[PDB]
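> Given next are the chains, with one letter for each unit.
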Amino acid sequence: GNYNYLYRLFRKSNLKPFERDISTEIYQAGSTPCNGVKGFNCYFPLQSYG
Amino acid sequence: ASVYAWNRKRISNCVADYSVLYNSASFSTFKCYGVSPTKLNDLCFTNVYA
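If you read the protein sequences in the order shown, they are chains C and A.
Residues in the first sequence are numbered consecutively from 447, following the deposited numbering.
Residues in the second sequence are numbered consecutively from 348, following the deposited numbering.
Just so you know, not all the hints are guaranteed correct.
[Stated by the list, open to error] Listed next, the in silico BS3-like pairs over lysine-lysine satisfying Cα-Cα at most 25 Å (straight line):
1. C/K458 to A/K356
2. C/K462 to A/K356
3. A/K356 to A/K386
4. A/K356 to A/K378
5. A/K386 to C/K484
6. C/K458 to C/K484
7. C/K484 to A/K356
8. A/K386 to C/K458
Because the hints were derived from the structure by calculation, they are not lab data.
Please take these sequences and the hints and turn them into a complete structure.
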């Protein structure tokens, strides 16, 4: 398994053309705020291809 | 019901509030495979099998 290539599964809004997002901030996927901490409906945005 | 005789409920002819179901913290697993959880309140379907 080569897991070195990652894609942004989760983001709040669509990018501009020729816009790059390398910010590794947490995403809030539910009503509960995450406060930078993983948990219920709190996921890392970058997931690797298997 | 048991899993060999799983109960099938047909959800139709009604308006469905998926935000209450999605914002509930009692659910330990909420995984969608064909749609988005944040677009359930925007899309329309003919009927739902539960």
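> Now look at each hint and say whether the structure bears it out.
Evaluation of the provided hints:
1. C/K458 to A/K356: The hint is violated at about 33 Å.
2. C/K462 to A/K356: Violated, because 43 Å separates the two Cα atoms, which is more than 25 Å.
3. A/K356 to A/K386: 22 Å, holds
4. A/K356 to A/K378: 19 Å, holds
5. A/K386 to C/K484: This hinted pair holds, its Cα atoms lying about 23 Å apart.
6. C/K458 to C/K484: Holds, because 17 Å separates the two Cα atoms, which is no more than 25 Å.
7. C/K484 to A/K356: Given pair C/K484, A/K356 is violated - Cα atoms ~34 Å apart, limit 25 Å.
8. A/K386 to C/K458: 13 Å, holds
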